[PDB]
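Okay, here we've got a single chain as C-alpha cells, the form deposited without this ligand, with questions on binding and movement later.
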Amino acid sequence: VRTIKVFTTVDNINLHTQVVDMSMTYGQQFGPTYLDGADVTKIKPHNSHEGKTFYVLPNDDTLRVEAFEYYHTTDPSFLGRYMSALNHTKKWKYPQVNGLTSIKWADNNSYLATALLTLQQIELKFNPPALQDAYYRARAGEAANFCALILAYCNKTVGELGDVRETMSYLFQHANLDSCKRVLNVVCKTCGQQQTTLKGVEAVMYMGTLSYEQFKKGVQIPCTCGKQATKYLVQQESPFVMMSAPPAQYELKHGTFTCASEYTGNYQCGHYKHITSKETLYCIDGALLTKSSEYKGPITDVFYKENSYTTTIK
C-alpha cells in the first residue's frame, strides 16, 4: 500500500499524525476533510500533501474537547461552515484604511467590514481562543480567519444578508463583559417607578434610539397599563455603549461619538458604510475613504466611549 504522512487538526495548533492510503479519498479515511478551507473530502492524497495539516470534524473525544476548548461551541456543523467561509475570505483583501484593517468589497460583505472596523475602536476581549488568535491577526492585517469565524459563529454564509446589530450581539456574547453594569429607571404617571439592573451584553446594547444623550434624558416606551412611560439611564459601568435603531436619517456630529454604521436599502437588500469620528469625520466603505466636517445619513448603530456614568436626575 502507498502512503503519506499528514496531520489532522481541529484548531490548527494541536496536530494528530496520520498515515493515509493514497488509493482512498480523504473522506473514506477521516470523514469531511479540508485543506486551508478547500473541501478535499472527495480527493485522494497527493505527494505534495505530505506533512500538511488538514482540518477534520470532531469525531473522537480528543478532537471534541480540543474543538470546544478552542471555539466554545459544540455545534456539529461549525467546523465545516468555518472552512466553507474561509475558502472565500482567504481570497478577500484587507487594506489598511486610516489605520484600521478594513475589507475590500466582495461577496456582499459590507456588514462584516463595518463590524471589523468597529471592533478596532472599542475595548473588547474575546473569550474563545479562536477569536482571540484570529482577532490579533486581523488587527495586524490578516483578517481572513477572523471574518470566517464571524460568519461561522453567526450562522451566516458568505454572500448572505447580515445585520450589524445581530452580528455584534454574537461577538459580544463571546467576549468578557462580566464587569459591565447598567441601571435603568422607568417612570409611569399611573404605576410609579421601577428600577432594573442589566449585566454583560445587555448592559452595553440598547435598541430604540441612536442617541446616548437621549437615553440619559429619557425615552418614551409603553407601560403595561397603557400609558406612555419614560425610561432613562441611572448608572452605566462599561468601556463603551452601543445605541441601535431601525435605519433613520440622523446627524453625526464630530467629537460626540466613536463610530457608527449607516444602512442604505430595505429589508431585503442594502449596503452598509462605516463612519468614524477622529480629527474629522471619515466614512469608510470597504477600501474606499472619504471625509467631511458634518455627516447625515440613515444610521443604524452608534458607538460611544464610557467608563462610569451616574445620572443627576432625582
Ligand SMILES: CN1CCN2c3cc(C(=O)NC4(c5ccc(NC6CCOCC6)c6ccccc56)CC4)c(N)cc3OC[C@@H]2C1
Given for the second form:
2 protein chains.
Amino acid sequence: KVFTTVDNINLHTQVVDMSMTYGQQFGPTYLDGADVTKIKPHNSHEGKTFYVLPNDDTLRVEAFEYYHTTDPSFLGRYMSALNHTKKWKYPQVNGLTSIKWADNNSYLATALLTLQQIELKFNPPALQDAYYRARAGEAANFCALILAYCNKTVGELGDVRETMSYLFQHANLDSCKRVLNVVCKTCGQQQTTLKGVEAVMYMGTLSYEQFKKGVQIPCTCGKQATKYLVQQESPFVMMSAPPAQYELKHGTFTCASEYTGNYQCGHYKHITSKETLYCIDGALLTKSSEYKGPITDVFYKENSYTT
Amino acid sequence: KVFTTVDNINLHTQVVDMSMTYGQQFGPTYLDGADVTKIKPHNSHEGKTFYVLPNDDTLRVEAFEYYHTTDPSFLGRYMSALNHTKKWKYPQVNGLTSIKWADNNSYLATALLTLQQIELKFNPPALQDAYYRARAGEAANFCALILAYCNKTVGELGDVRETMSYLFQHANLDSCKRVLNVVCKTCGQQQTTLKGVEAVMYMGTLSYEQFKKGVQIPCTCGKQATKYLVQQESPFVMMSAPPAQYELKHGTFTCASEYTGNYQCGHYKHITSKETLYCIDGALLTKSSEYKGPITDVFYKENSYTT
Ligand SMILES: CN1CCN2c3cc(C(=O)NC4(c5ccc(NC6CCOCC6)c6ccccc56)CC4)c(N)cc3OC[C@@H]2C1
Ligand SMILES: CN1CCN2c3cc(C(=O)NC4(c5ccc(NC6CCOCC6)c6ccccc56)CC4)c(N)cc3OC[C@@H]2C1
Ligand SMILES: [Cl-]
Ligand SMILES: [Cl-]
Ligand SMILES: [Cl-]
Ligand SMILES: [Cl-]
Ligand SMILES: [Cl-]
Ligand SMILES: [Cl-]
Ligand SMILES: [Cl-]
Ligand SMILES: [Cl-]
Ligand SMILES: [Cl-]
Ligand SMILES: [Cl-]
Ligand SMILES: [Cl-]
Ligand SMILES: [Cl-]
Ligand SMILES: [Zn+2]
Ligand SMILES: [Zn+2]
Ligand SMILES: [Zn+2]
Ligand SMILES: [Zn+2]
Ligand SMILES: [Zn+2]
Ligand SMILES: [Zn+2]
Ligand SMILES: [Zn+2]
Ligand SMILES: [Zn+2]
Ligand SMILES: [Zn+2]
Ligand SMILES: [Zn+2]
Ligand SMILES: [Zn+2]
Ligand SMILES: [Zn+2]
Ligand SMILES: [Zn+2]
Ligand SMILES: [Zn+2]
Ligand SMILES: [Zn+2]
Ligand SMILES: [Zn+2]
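Starting from the form deposited without this ligand above, please write out the structure of the form solved in complex with this ligand.
Below is the entire complex, every chain and molecule, led by the chain shown above.
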C-alpha cells in the first residue's frame, strides 16, 4: 500500500498487490532514485511514495506543469541521476552549497556555485523548487535535474558554459536585451539586437570592458571589423573564451570558471570575488588577494548599461 | 595542399586555399582526431591527410562500405573519441593489449582484453581493420571506434556486457544457434530457438554448467519453470548476472568481468584463465591460483554442444 507521483507535489493513492512487482501494476516505478520496477512490494516501504511514469492524461499534464517536458525519457534519466547525486556530499563552502568531488562532477560544482551567485528565475517549477532547496543546502535533486535537463548522465564530462547555456534556456530571461553594433568600413554600420540567452552570453572574450570597447569580427565584406556593445540591459552577463592564463583582479567580477587541462580531459575550479578572492574546488577552499590562472568563464553583474 | 578521406583507405587529392580555413572549403575537417575546422592550412601539415564528412555521393558510399553507417554524426563522434584514445597508453599485459587507466576506461580495457580472447569477425571493415591493429598493440582507433559504435563519449560510464552486446551486433554471428526448452507443468514443453547475438548471451547466471542444467523462469502459467539448453552451436558463450561474489576456478572459463562497487559507480577488472589466473587491471597485473571476488560476466569456449 503506497503513493505514486510524477511531481511529488500531487500524490496519488494506490494499493499495490503484494506478490505482484511494481513495474507490472504501475509501470516503470522508482523509490528515492532506485529503479524498483523489478522488486515486489515489501513490508518495509508501505506508505512511502514512488515516482512513476505518466500513464494517464492526468499524470501527463502534471509532469508538464512541473518539468515542462513531454519527453518520456525525462523522468527515467532524472531518477537515474538522483540515485547517484543523492549519494554525493554537498558541503557549505564560504556560505555556498558546493559538491565534494565525485563522478567527474567538477563542472556541476562550478555551475552550482555560479547559480547561487547570479539572479536566475527558472521556468519549470521543478528546477525552481530544487534550486531554492539547493541554496538551502539540499542540492541532490537540483543536480540530478541539471543532468536531466542537459541530457548528461552521471560521470559524463561536462562544459560549464554549455550547461549554463541550457539552464539559461529554461530560465525567464525575457527582460534581457543586448544592442550590438558592427563597424564595416565597406558595408557601413548595422545594429544587431539580441534578447534572451543570446543577450547574456558571449564567446569571444573574458573582459566585459573589452566587449564594451569593441571586439573583432570579419564583416560580411571579408576582412576584419569591430563589434561593440551599445546597450546591455540584463541582471548579469557571462563572458567566455577558450581557457587561457588570465588575471582575475578582486572586486571587478562576480565569479569565474577556472579550467586546467585539455579540451574535455580537464578539471574545473570556481573563483569568486567576495571581500577577497576565493578558490572553491568542490569541498576545498583557497583564499588569495590576486589571482593569475587559466580562466574560461567570467560572470559580471549589471542593471541597465548604455554606451 | 592536402589529402581528404572518410575511410583512410581511399585518399582524395585536394589543394587548399591558403588563407581560407578548412571547415569552409571542405566542411567539418579533422586531423589525427583534432577538429581543424576553424584552423587555416598552415605550412606544417601540407601533404598530410584529413578526415572529412561525406559531402558528395562518392564519399557517402565509401563511408558506408567502411563503417556500415549512414549516420552523419558517426564520423564526428569518432574523431572526438580518437582525440582522447590516441593519448591513452596501451601496454601489453601478459601478451594482451590492455589500456592504462584514463577517463573511466576501465570497462573499455575489460572489453578490449575480452575481445582478444574470443573469436569474433566484425562486419564493418573499419572495426575489423582496427581490431587487427589493436591485437598488434595499436588500439587507439579500435577504442575510439567502440565508443562511436556504442554511442559512448570519452569519460561516460560503461557496461561491459552492454558494450559487448552492441559489438556482437556488428559481428558475423550468423552460424550461432541456441535451442532452449522450458518445462511447463501446465502448458507443457515448448522449444525456443535463438540465433545471433541472442544465441551467445545470457543474463540469468554466470555458470554455463548451470544453464545446461536448467535455469528458473516463470512459465506463461505464472509460477516458476525451468529453462535449460538443448543445443549450443557457437564459438563461445557469454554468461552474465548482476555482480556477486563468485569463485572462478582456473581452467573452466576463458575470461571474466570483475566489478567492484555500485551500479555505475564502480570499477571493472579482467580475469583470465591461462596456465594460472591473471587479474589484469589496466596496466597492472595480478597472478593467483584460485580466485573469489565479485564477477558479473564469464566467457566460455564452445564448438557445437548438444544435450
Ligand atoms: C558539444 N560539447 C562540446 C564539448 N564539450 C565539452 C568541453 C569541455 C571543455 O574542456 N571545455 C572548455 C574548453 C577547453 C579547451 C578549449 N580549447 C583549447 C585549444 C587550445 O588550448 C587551449 C584551449 C576550448 C575551446 C573552445 C571552447 C571550450 C574549450 C573548458 C571550456 C569539457 N571539459 C567537457 C565537454 O563535454 C562535452 C561537451 C560537448
Ligand atoms: C542502459 N544502460 C544500463 C546501465 N549501464 C551501466 C551499468 C553499469 C554497471 O554497474 N553494470 C553492472 C551492474 C552492477 C550492479 C547491478 N546491480 C546490483 C544490485 C544489488 O547489488 C549488487 C548488484 C547490476 C544489475 C543488473 C545489471 C548490471 C549490474 C556491473 C554490471 C555501469 N558501470 C555503467 C553503465 O553505464 C550506463 C549503462 C546504461
Ligand atoms: Cl516549456
Ligand atoms: Cl522551460
Ligand atoms: Cl585530452
Ligand atoms: Cl583526464
Ligand atoms: Cl576590499
Ligand atoms: Cl583585494
Ligand atoms: Cl550494416
Ligand atoms: Cl555491421
Ligand atoms: Cl552509486
Ligand atoms: Cl564512483
Ligand atoms: Cl594447470
Ligand atoms: Cl591452478
Ligand atoms: Zn493527480
Ligand atoms: Zn518551459
Ligand atoms: Zn526543455
Ligand atoms: Zn554513484
Ligand atoms: Zn572532474
Ligand atoms: Zn561588411
Ligand atoms: Zn581588494
Ligand atoms: Zn580538484
Ligand atoms: Zn573516392
Ligand atoms: Zn553491417
Ligand atoms: Zn550499426
Ligand atoms: Zn583525453
Ligand atoms: Zn573506471
Ligand atoms: Zn506455461
Ligand atoms: Zn590449475
Ligand atoms: Zn583499478
